[PDB]
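Take a look at this single chain in structure tokens; it is the form deposited in one PDB entry.
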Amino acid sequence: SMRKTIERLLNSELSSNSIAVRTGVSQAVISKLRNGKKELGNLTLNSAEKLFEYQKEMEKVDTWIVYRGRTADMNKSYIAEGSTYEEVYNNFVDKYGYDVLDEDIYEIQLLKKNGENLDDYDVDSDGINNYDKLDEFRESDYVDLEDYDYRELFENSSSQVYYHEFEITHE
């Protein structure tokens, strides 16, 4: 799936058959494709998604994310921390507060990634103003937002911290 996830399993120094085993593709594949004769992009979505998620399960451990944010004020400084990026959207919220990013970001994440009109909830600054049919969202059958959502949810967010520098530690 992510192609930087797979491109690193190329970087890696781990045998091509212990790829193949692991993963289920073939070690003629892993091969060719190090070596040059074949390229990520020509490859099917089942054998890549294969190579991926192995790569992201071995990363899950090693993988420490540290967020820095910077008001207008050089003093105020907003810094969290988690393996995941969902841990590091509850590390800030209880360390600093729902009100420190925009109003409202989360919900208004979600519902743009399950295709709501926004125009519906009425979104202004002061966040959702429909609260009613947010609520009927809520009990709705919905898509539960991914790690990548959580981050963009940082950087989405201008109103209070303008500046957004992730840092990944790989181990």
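Residue numbers count along the first chain shown, from 1. First, how it differs from the form deposited in another entry.
- Both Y54 and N17 are counted in one common rigid part of the motion between the two forms, based on the superposition that better accommodates each C-alpha.
Switch from the form deposited in one PDB entry to the form deposited in another entry and give that structure.
For this one, just the chain is written down, with no partner chains and no other molecules.
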């Protein structure tokens, strides 16, 4: 855990008790670090990591995502929000349901992520048609969708929502 980051935490206006509660390091240690009775280099690696990780979180850039979707006819508009693409997807389905995005988009994304073949699953605009292979695939061990895959769930979709915009802010 780098000393310069721990020093930024120790020279901060936070109370020694508040640092202790939030990090799990004793107030006694924090106080001795702040008054010079204990040198920072004398901290154990575990406690140094706890202080370093808390200060990194205090300096972490935040992310907020606003999704805007439009139908090809531009009659209907959709808006979903969240700090990750999964939360945006969850907000979208909570607001508009699970039948607005392309059919089986979640499963199709899983198949694409695992190296599977679209021809084998009879993928169609209506949806995956070969259900028996898909049920066997669920029994098969596979890698779960990552956060980026939830963004692709919107972008791979064209049946009802054709226009997809993701506005990101770090404020």
